[PDB]
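Form deposited in one PDB entry, single chain, as structure tokens, below.
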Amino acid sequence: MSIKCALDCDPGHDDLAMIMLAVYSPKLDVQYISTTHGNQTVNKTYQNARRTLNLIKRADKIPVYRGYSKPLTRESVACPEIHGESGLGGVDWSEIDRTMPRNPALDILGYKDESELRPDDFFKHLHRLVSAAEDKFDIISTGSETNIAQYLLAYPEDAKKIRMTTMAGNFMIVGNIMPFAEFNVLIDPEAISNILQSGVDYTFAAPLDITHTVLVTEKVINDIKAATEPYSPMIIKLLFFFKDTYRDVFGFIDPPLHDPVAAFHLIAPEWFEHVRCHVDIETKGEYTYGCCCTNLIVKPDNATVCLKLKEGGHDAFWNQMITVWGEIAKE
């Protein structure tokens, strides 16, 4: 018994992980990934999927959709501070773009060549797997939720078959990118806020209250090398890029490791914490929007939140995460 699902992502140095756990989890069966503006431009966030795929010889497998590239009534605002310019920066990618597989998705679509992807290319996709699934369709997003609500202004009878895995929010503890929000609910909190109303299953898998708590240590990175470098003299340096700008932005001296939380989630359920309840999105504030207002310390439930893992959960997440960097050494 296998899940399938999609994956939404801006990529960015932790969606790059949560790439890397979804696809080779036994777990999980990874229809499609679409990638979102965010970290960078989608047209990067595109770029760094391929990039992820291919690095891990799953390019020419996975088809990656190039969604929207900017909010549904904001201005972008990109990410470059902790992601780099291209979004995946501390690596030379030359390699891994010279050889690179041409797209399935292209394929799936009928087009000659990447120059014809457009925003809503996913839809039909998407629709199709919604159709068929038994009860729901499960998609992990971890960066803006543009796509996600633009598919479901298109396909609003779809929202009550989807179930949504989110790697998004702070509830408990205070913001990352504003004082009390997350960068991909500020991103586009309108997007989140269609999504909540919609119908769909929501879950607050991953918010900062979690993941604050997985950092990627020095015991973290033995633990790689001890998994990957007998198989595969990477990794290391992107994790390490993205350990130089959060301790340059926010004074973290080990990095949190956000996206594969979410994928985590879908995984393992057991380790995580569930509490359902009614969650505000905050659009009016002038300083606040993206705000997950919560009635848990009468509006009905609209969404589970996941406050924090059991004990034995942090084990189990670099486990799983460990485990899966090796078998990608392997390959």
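Residue numbers count along the first chain shown, from 1. So that the term is clear: the rigid core is the largest set of C-alpha atoms that superpose within 1.5 Å between two forms. Compared with the form deposited in another entry:
- Just one residue from the list 102, 247, 128, 160 crosses the 2 Å line for C-alpha shift between these two forms on a rigid core fit, and it is 247.
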Second form
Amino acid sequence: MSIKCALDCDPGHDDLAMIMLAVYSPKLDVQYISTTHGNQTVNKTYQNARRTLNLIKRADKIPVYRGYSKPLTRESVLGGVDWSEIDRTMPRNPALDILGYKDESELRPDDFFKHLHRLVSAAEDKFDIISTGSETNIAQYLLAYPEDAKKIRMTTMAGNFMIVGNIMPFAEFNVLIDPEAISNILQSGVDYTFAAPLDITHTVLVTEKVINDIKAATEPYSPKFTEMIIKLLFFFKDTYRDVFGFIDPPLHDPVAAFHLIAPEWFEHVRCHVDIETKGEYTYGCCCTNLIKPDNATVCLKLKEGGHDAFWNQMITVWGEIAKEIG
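Switch from the form deposited in one PDB entry to the form deposited in another entry and print that structure.
Only one chain is given; partner chains and other molecules are left out.
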């Protein structure tokens, strides 16, 4: 029936979309959300997660943990919409009651560890984590819970393989922002899938066609929600066109959750992935032996039908969210 999972992310407009998908998807049973540094500081990402939840009427249900603020050994490096309402009507974070805290100042990076460890122990086979930001939190967890590595399955939006990078020439943001984390994870015995590398996500575009379907599914039920999801969806659009050459912008992170929902739409290959850490201009490069034992599965492309299947999934969820907001 449905899969227990946790979300680690840095919302982020795509992470907001992925949260929406995972939560409202009946197929995924989200246990918690951990936030990490990346786009913004972990403090802002934490709030951005809670905003996503509160917008979709779930902030009283799902605990959000505020995670680690910087990479293991390196320095660090939700607009379009007014959050003032979502902010002041924000319910208390279930995480605080779990932890014994009175308020959010007491939240610490390692709060999610005990909760994850219950889930992992409970897991029949392996417990599922969707990661769509830096993977510092999981590296940290594994340094504290080495033995849990073999019982964790990870499904990530991260990497570029057969195409070049985004924020640096040959690497993708989530990897390069803390490459030791992913290197650590990959050699930890974790079961790791690169479910949504640039290879795929750059073929998953918010066209005006996709926009009309969103309007189709949501304006009927909640035309306020329509404005919001579209403003968000088009927010880094000009940069994507001008900086990167995208007439229409990609939507990265929900693809990762879609893998866990419906992996039949993805191609898969096992290989050995090396993460560049020593490299001066190339740290975060995902270098495979495709084109040493295998250590990851890589999804290089969707099967035919996959794009439509993804968008039907995504628009369904948006429709259901629009209905609840009303």
